[PDB]
Amino acid sequence: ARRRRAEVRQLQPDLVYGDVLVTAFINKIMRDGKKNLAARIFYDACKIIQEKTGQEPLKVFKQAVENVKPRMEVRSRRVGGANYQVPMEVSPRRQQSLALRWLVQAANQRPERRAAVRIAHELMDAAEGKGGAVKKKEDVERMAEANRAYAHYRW
Amino acid sequence: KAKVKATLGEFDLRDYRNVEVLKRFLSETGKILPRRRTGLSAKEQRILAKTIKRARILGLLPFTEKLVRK
Amino acid sequence: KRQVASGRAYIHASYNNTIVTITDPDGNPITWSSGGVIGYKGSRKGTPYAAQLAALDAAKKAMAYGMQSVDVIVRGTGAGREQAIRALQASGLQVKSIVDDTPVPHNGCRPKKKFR
RNA sequence: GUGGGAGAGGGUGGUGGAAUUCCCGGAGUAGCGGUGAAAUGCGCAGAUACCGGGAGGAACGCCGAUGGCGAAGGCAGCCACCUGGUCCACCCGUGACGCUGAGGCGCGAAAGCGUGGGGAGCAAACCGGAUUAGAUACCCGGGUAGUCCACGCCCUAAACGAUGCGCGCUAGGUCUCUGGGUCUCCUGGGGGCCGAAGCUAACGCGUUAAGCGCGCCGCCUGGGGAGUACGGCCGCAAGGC
Ligand SMILES: [Mg+2]
Ligand SMILES: [Mg+2]
Ligand SMILES: [Mg+2]
Ligand SMILES: [Mg+2]
Ligand SMILES: [Mg+2]
Ligand SMILES: [Mg+2]
Ligand SMILES: [Mg+2]
Ligand SMILES: [Mg+2]
Ligand SMILES: [Mg+2]
Ligand SMILES: [Mg+2]
Ligand SMILES: [Mg+2]
Ligand SMILES: [Mg+2]
Ligand SMILES: [Mg+2]
Ligand SMILES: [Mg+2]
Ligand SMILES: [Mg+2]
Ligand SMILES: [Mg+2]
Ligand SMILES: [Mg+2]
Ligand SMILES: [Mg+2]
Ligand SMILES: [Mg+2]
Ligand SMILES: [Mg+2]
Ligand SMILES: [Mg+2]
Ligand SMILES: [Mg+2]
Ligand SMILES: [Mg+2]
Ligand SMILES: [Mg+2]
Ligand SMILES: [Mg+2]
Ligand SMILES: [Mg+2]
Ligand SMILES: [Mg+2]
Ligand SMILES: [Mg+2]
Ligand SMILES: [Mg+2]
Ligand SMILES: [Mg+2]
Ligand SMILES: [Mg+2]
Ligand SMILES: [Mg+2]
Ligand SMILES: [Mg+2]
Ligand SMILES: [Mg+2]
Ligand SMILES: [Mg+2]
Numbered sequence: 002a003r004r005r006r007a008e009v010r011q012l013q014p015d016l017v018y019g020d021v022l023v024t025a026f027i028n029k030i031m032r033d034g035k036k037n038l039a040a041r042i043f044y045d046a047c048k049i050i051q052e053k054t055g056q057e058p059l060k061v062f063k064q065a066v067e068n069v070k071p072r073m074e075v076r077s078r079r080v081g082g083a084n085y086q087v088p089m090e091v092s093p094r095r096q097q098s099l100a101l102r103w104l105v106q107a108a109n110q111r112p113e114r115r116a117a118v119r120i121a122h123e124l125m126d127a128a129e130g131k132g133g134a135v136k137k138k139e140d141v142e143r144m145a146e147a148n149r150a151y152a153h154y155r156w
Numbered sequence: 019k020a021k022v023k024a025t026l027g028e029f030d031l032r033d034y035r036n037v038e039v040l041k042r043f044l045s046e047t048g049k050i051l052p053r054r055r056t057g058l059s060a061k062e063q064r065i066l067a068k069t070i071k072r073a074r075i076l077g078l079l080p081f082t083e084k085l086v087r088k
Numbered sequence: 011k012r013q014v015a016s017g018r019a020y021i022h023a024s025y026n027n028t029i030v031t032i033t034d035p036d037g038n039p040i041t042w043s044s045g046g047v048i049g050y051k052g053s054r055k056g057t058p059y060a061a062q063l064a065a066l067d068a069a070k071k072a073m074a075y076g077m078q079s080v081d082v083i084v085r086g087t088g089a090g091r092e093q094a095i096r097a098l099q100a101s102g103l104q105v106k107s108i109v110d111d112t113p114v115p116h117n118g119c120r121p122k123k124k125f126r
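Residue numbers (the deposited numbering), protein chains in the order written: chain G, 2 to 156; chain R, 19 to 88; chain K, 11 to 126.
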């Protein structure tokens with residue numbers, strides 16, 4: 002984005018919940034342009050996650066994605082020779098994107114055979130405060146508070 | 019801001035012993051104030067500098083001081 | 011084993027290191043710290059974070075001696091020359107006053123080739 | 001001549017504070033220093049940091065300027081003494097006594113030489129640590145001559161305004177230093193900046209001429225060879241003319 006601000010794409014709402022984060026997550030699950038198969042994955046996972054634990058998948062999804070969003074991260078900055086890892090905060094949009102990406106990548110790194118099962122159990126663990134996606138998030142946050150010695154290189 | 023000569027009487031620029039008025043021309047530190055803040059002419063400033071040094075050697079004006087709040 | 015309850019704190023900051031010496035009201039030192047006293051070894055000692063940690067460690071050693079009221083003296087210039095004073099302010103020691111007493115000659119000695 | 005004035009102009013002696021280094025002491029642990037990173041180095045025989053005391057050398061922060069003085073080199077703490085140059089007002093005195101100047105003579109930054117002192121900091125050479133393909137360098141840690149003083153040599157330079165000295169003539173504007181004046185200003189004398197006419201190959205100069213004229217001195221005649229050779233002179237030498 003040299004000239005413009007690169008206005009954010011406004012995703013379509015969802016047909017089941019009416020929420021936009023669900024459509025964004027379903028897009029993150031989709032591969033090779035199959036939004037139908039990805040939607041079926043997410044919604045069979047919704048049924049499984051609503052049955053195996055007697056809670057609404059809406060608020061569990063929301064609480065999990067909220068638990069995975071990090072508050073700080075590191076970016077490399079070239080200063081006086083080789084570059085250094087400088088910590089900083091995160092944009093809300095980037096927090097959303099990183100949370101959903103870690104969700105999908107930790108769900109597919111799971112042992113469970115079926116896709117919907119992986120999605121459901123990953124969402125459960127992330128909603129409880131544990132799991133792989135939250136582990137990657139807390140490693141991102143552990144990069145902060147560690148190289149905080151460079152807090153004067155914020156830029 | 020006020021310049022030193024603007025708020026002052028008809029005083030002697032050649033009196034090295036009057037510390038009361040020579041102190042006005044020193045800074046927060048012992049440094050001699052520039053002409054921007056003294057409002058003096060070139061000749062006046064040139065005489066004031068020598069009188070200030072004279073007073074310094076007589077232990078009346080500080081050679082240097084310490085900065086506060088830094 | 012002194013129970014000093016009040017004293018001075020001298021911050022000597024350079025471009026290679028920052029060190030803090032906490033002393034009593036008539037000049038004798040009590041404790042001290044620096045970027046090398048804490049873990050950092052190389053140029054890492056000259057960072058403002060090392061200055062903050064050195065000031066905090068010296069302040070806590072002063073707490074061990076029982077220091078409450080502190081007058082600050084500052085000499086030199088470098089990264090963290092201010093951060094040392096900020097940490098010293100927020101360390102739990104009531105700062106009495108801050109003073110910059112950086113020694114500057116009246117053009118007496120010839121500097122090294124680096125400084126000309 | 002008289003009467004005023006500004007000034008790091010020069011020489012001599014004294015004297016002040018800041019800072020570095022070193023030494024004595026107090027208190028105080030484990031590092032300091034250094035770099036793009038480091039390492040040599042220093043530290044448990046107590047460093048660094050802090051405080052008090054002492055010693056010594058060298059240089060003068062703020063004032064300070066785009067300023068001032070000097071023929072040039074060049075000249076900055078303060079005080080005293082010895083001394084040079086210069087400017088202004090008064091219109092007083094002498095009555096062309098002037099300008100330039102081959103040679104000569106004197107001065108002449110730094111570095112260098114000799115004899116004798118001095119020695120903090122800096123620092124060619126040199127000793128180490130790094131960096132690199134290599135490092136004989138830049139960077140880091142040490143360090144001698146030297147830098148400082150007295151006396152005697154050395155006579156070089158981008159010794160530059162790359163512009164010899166003197167005088168007269170030719171729009172102004174603006175900033176400034178220093179005098180005088182009836183002191184929005186004028187009138188001298190210095191330091192800058194724009195710019196008339198004119199000059200210039202152009203850049204640019206332009207009452208501080210590179211303009212218009214006059215006097216006198218120095219120097220130039222394609223580049224390399226070459227500021228070399230020979231010769232002479234000077235020098236303790238280096239070397240210079
Ligand atoms: Mg260092
Ligand atoms: Mg003089
Ligand atoms: Mg003199
Ligand atoms: Mg000692
Ligand atoms: Mg040892
Ligand atoms: Mg050792
Ligand atoms: Mg040893
Ligand atoms: Mg000695
Ligand atoms: Mg100055
Ligand atoms: Mg005189
Ligand atoms: Mg007459
Ligand atoms: Mg007659
Ligand atoms: Mg002559
Ligand atoms: Mg001659
Ligand atoms: Mg000479
Ligand atoms: Mg010499
Ligand atoms: Mg000699
Ligand atoms: Mg040295
Ligand atoms: Mg080597
Ligand atoms: Mg060296
Ligand atoms: Mg001519
Ligand atoms: Mg006048
Ligand atoms: Mg002159
Ligand atoms: Mg004039
Ligand atoms: Mg003029
Ligand atoms: Mg013309
Ligand atoms: Mg011009
Ligand atoms: Mg002329
Ligand atoms: Mg010409
Ligand atoms: Mg010739
Ligand atoms: Mg020829
Ligand atoms: Mg030659
Ligand atoms: Mg010969
Ligand atoms: Mg001979
Ligand atoms: Mg030669």
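Please note that a few of the clues may not be correct.
Calculated cross-link-like contacts (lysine to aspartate or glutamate; reagent style EDC-like; alpha-carbon spacing at most 16 Å) [claimed, not checked]:
no.	chain 1	residue 1	chain 2	residue 2
1	R	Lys49	K	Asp111
2	R	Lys84	K	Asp34
3	R	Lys88	K	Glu92
4	G	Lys137	G	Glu74
Here are a few chain R residues that sit away from chain K, every Cβ distance over 12 Å (derived from the structure) [to be verified]:
no.	residue
5	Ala20
6	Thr47
7	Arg64
8	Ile65
9	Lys84
10	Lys88
None of these hints come from the bench; they were simulated from the model.
All residues carry an ideal CB built from backbone N, CA and C; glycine is no exception.
Hint check results:
1. Under the criterion of a C-alpha separation no larger than 16 Å, the hint pairing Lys49 (chain R) with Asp111 (chain K) is consistent with the structure, at around 14 Å.
2. Of the supplied pair hints, the one linking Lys84 (chain R) and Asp34 (chain K) is violated, its CA atoms being roughly 19 Å apart against a limit of 16 Å.
3. For the given pair, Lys88 (chain R) sits about 9 Å from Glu92 (chain K) by alpha-carbon distance, which is consistent with the 16 Å threshold.
4. For the hint linking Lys137 (chain G) to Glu74 (chain G), the alpha-carbon distance of about 11 Å falls within 16 Å, and the restraint holds.
5. Listed as a non-interface residue, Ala20 (chain R) keeps its Cβ farther than 12 Å from every Cβ of chain K; the least gap is roughly 25 Å.
6. Listed as outside the interface, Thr47 (chain R) is inconsistent with that label: its C-beta sits roughly 10 Å from the nearest C-beta of chain K, within the 12 Å cut-off.
7. Under the 12 Å C-beta cut-off, the non-interface status given to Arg64 (chain R) relative to chain K holds; the minimum distance is some 20 Å.
8. The Cβ of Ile65 (chain R) lies farther than 12 Å from every Cβ of chain K, with a closest approach of about 22 Å, so its non-interface assignment holds.
9. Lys84 (chain R), annotated as away from the interface, has a beta carbon of chain K within 12 Å; the closest lies near 5 Å.
10. Against chain K, the non-interface label of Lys88 (chain R) is violated: not every CB pair exceeds 12 Å, the least being about 4 Å.
Violated hints, in rising order: 2, 6, 9, 10; the structure is consistent with all others.
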